[PDB]
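First, one chain by itself in structure tokens, the form solved without its partner chain.
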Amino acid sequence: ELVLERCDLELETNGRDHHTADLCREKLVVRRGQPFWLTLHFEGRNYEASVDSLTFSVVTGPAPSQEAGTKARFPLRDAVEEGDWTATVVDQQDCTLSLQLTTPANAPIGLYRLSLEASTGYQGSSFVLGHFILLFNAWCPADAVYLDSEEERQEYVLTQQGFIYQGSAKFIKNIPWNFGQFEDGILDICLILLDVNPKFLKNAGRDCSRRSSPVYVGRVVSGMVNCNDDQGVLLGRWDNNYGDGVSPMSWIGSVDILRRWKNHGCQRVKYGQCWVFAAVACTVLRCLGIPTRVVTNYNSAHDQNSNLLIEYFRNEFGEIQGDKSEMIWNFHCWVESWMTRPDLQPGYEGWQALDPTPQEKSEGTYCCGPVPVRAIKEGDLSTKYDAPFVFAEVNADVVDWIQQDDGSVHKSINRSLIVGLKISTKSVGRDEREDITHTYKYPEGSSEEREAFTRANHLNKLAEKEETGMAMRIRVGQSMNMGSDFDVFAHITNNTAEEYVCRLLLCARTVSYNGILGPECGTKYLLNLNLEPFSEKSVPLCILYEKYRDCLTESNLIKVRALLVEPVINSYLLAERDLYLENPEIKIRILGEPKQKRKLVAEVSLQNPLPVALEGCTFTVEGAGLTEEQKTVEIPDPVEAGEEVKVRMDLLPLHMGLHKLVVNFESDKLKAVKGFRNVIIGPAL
């Protein structure tokens, strides 16, 4: 008799087993290289090896194939064997066959159609079992993305929230972000994002096959975000006016962006900048399975076309003149993902810097990486995918020329600057900052530092100076707040017996995170500054809200610049510092017992730090696990200079475990204020 079956279970169980439970919505989602349960139910009589012959087949792309490893067919048996696409009976009772499928550790990832045919006697029965998505497996020792520790698996693949470090090298700020990779519809969107990539358009079956490599998927996924022109998720913008969309600084996670992309026929979402590029990249990759973590670099030598020596030409005040010069990025962000690397000499497993921010290049404009981080540390520039570029980012040198008024350019000493400070990514499993500078560089003038600089043909720095034994730095005394007046100080130190009479040029300008300077918001110029011997001198500079408010950026960044001139020996000291102005905290109360499918309430508030009223006030809120939906509340009336603004959001968290709730506040005079609360959700009954 021809055997025929009632239904399939593809199961809930595997989700727990595969670390894809939240992801297992209407669909089955598993990670490659790992057995998964599948139970076949049958009408009347069960499967009998003494007659029934079940062979299984799976298919991925639009052009499946045996050679492209994007199709496979295999028989049911008792044990294992080879080829790695296997099916194996685990148990029978009544009319239900309980069995286990395994896919290889290098099967490509994507949507698969699982079909079953008999061959029971002579008469062939044949039909569609169901569908499942197969992903990378940080758990599968044989998979290329394997991590030894559960901790790091959890952090870099499973955790839907974290931190983007922003602010300033001397005051590191951690913006919270909802990566929400397992949020509904997001996996489906990440597939659409690869089924729409330039190479899938060229060949389709080639691309579908190449998605077994995390280097491919990484390079594709990253590139799709903003660069590559044509189709793409985000449109960049930088000039500081974002009225026709949402400003880059206004996003609290990468979910809405993705849905605004898909929900408007895959069109570039209005307005990202580098950290937004990364956070989205991080989401896509995590979703697919490549452990990825967003990284930030302070004083970043971006858009320098690999140049390891940047030079600047500056007037009698210290002001840069080259409108054909590129400024140093206060910070610039990218991501790192984890994979073995079979396409270069061995020993380069690990983190690879993928930078999805398009950079002007030795020919045109595009993305960067993957490149092993270790290579960048080692000086091994020849290592593939943009190693000279990531290297410049972290290792570029800077020469500051002041210009003497007969055509001559006199060299200045500038200690306040070193490219690639404070490289930051969230710790594993905690909210603390990990500092990863050491994975990129060796300490200055160490044995190993110069070993690496040789392999990069850098050298040419430093073991050098002009020595006048005067130093200068910029000091802030204490922290200062957006909306305040406050002072910063030029700090000169004279450690000799000479008494100099000096010129000192102090300048504060509003700036943006990538480096664009605005108008000055305070200046003090001194022409007979008396520095007495073996002494120190602090020169005050008043910076007024009334003076930075018009042009201040949502990054709340002000650059202080100072030039000390010794006229007798013609000596030039330069000191620069980027300040960050604090926003008010967002006070967040969590009301009720945090419980699964139980109403929760979030009380959210801040107090107005400006001396003028806030209008158009709005809070926004989201968090994977806490709401299925972004939530917003517009507060109708102005909030005056004194007072507070408070409102409640209703939440209905559908998942247990820890979740960051992330909140944005917006207003006419005060934008992109951020907040977060860690909420642990327990069980209902």
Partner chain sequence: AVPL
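Residue numbers count along the first chain shown, from 1. Throughout, rigid core stands for the largest set of C-alpha atoms superposing within 1.5 Å between the two forms. Compared with the form solved in complex with its partner chain:
Note: rigid core superposed between these two forms; among 507, 140, 257, 215, the CA shift is 2 Å or more only at 507. After superposing the rigid core, the Cα of residue 198 is displaced by less than 2 Å between these two forms. Once you line up the core between these two forms, the Cα of residue 657 ends up 2 Å or more from where it was. Taking the rigid core as fixed, one finds a CA shift for residue 343 smaller than 2 Å between these two forms.
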Contents of the next structure:
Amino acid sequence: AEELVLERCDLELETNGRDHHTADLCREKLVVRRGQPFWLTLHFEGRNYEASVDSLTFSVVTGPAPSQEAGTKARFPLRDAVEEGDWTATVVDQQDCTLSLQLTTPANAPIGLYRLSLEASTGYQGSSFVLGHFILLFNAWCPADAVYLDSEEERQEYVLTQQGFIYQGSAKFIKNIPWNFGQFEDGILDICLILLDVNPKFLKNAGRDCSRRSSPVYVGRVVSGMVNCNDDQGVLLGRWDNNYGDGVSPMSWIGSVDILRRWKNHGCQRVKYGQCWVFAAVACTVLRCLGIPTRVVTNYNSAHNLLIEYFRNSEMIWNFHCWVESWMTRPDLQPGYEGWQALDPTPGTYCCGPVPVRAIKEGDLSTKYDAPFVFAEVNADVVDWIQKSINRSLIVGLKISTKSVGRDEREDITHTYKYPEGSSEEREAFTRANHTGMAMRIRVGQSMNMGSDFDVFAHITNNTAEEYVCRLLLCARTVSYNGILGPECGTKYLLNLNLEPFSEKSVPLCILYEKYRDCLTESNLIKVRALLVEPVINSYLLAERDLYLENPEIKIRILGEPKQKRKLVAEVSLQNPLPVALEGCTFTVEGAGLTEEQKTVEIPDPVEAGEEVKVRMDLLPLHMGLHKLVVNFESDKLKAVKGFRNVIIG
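Can you now output the form solved in complex with its partner chain? The one shown was the form solved without its partner chain.
What follows is just the one chain, with no partners and no other molecules.
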């Protein structure tokens, strides 16, 4: 019995690509989707395969360290019995010198490049051939696959469609930008494989990383970490300072292809520059390429305050933010979390997600991975205290948007992240999320004299069992009477402020004459504003308070008997409150019923800081009963200070 001579192996690129929805990717290499049969044809030289004498065994391996235990290596006989869910090969057609086979892969096989080998034994003597290579991808058409989507129209949109829209602008002005995902363009798949092959998990344990690629949760997670630079292997370098001269402007890009190519072409070095939508767009491209159903989503925020300043000048809040959602089951979580999963590749690990959009709507923030981050992107919590009252100067999570299935229209998916405001479902979610509460008010607890230095306090009360780590900005500005804020006269900022369960703190800011003296207004008024930020759950506390800097009191002493029409002497004094000297000091005293003339006494010498100043005036009561003496004090730096004194006569 002559040994079979394999002439050639035909990969049936055409029939395979068509059937696996990978036609564009079947350049000259075979690409297929897992859990679905595919075809190949052996051409023999001489006699054909005779099942009765020939034994053919197939071998597949993927990655730098394949093993059967890890599912990255498989061996399987060419036979008639087909075990569903396994690697198998069976004959389906046999002609003169051709043998057509059908191969199937598990629906949870690791995706990646595979080398296919064939062992052909005729009784005693045997031979081995490398038939070729194929690439194996996730399969949204296969019901047993974790990324299965039951709607064909949605598989066209979220996997096969190479152009779409990315939403920008603002809630009020929703702007769309066209984008060429180009997931099937020449070279792109190879680049995506490289991207996996350079991720830190592959460096740490190659064989394990290749095996874990059976999971779209794992692959998604890895893609979310590799899109931003961080460790120079990453794809894009972010920049928001509006200065992109040594690179490409984030607003300029119209697709993912050039970015991916540039990255690879420079030895896997960051591409400049990106912003959120660009990170999201690339991720979407990579994920679609590998066959995980994905869409780019945009969320809008808005504003009308100390909050604004705090942001102007490490998570923060933009006019809009973009990320991706990807479709898959979650066998790693409690049942019922299959579906759309948010992944945020915009800059515990550099990765972010996947987290079920559903766990975010429900406030179930322990669900892996990174629920709080995504929750904080669509929920903020702003409260004022005037002395507690909800503040709406800040609104997060508006008009969440993504492209419509098979139409150039926008779909609003806000409902998928957030129950209606006021709804009882919304309240249950806030409750699951953040397990009376915490408050903040400006204290002074003292007199504040024009001229002095003194402290004000951000007084913070934590009446929950929870410990909070917060940022606190506490600052003061002069405030005129018409309410306009003048220049700042004291600031304090704590990046780390710790509040133990059921405790309180009075955080001080010193207010200094030197800083306020000259920036003061006609009012003698200073506004203290505090902002307490708790970044995890995205909660904000605002406390405001105006303060009145009082003028010194004019001491007025009457000396003598109050008897009807007897003589009396008035002693009038003021203690300089300034740490500097008063010049051109003059008191003015009058009062019908006590004196008939207006007494004005000049002060020759400058009144030194902290020093008192006395003058006296003889008075002549004339009628029984109450008379008020009235006094004005004038000077170069302290003006129109007043006082009075009741006097009763007998």
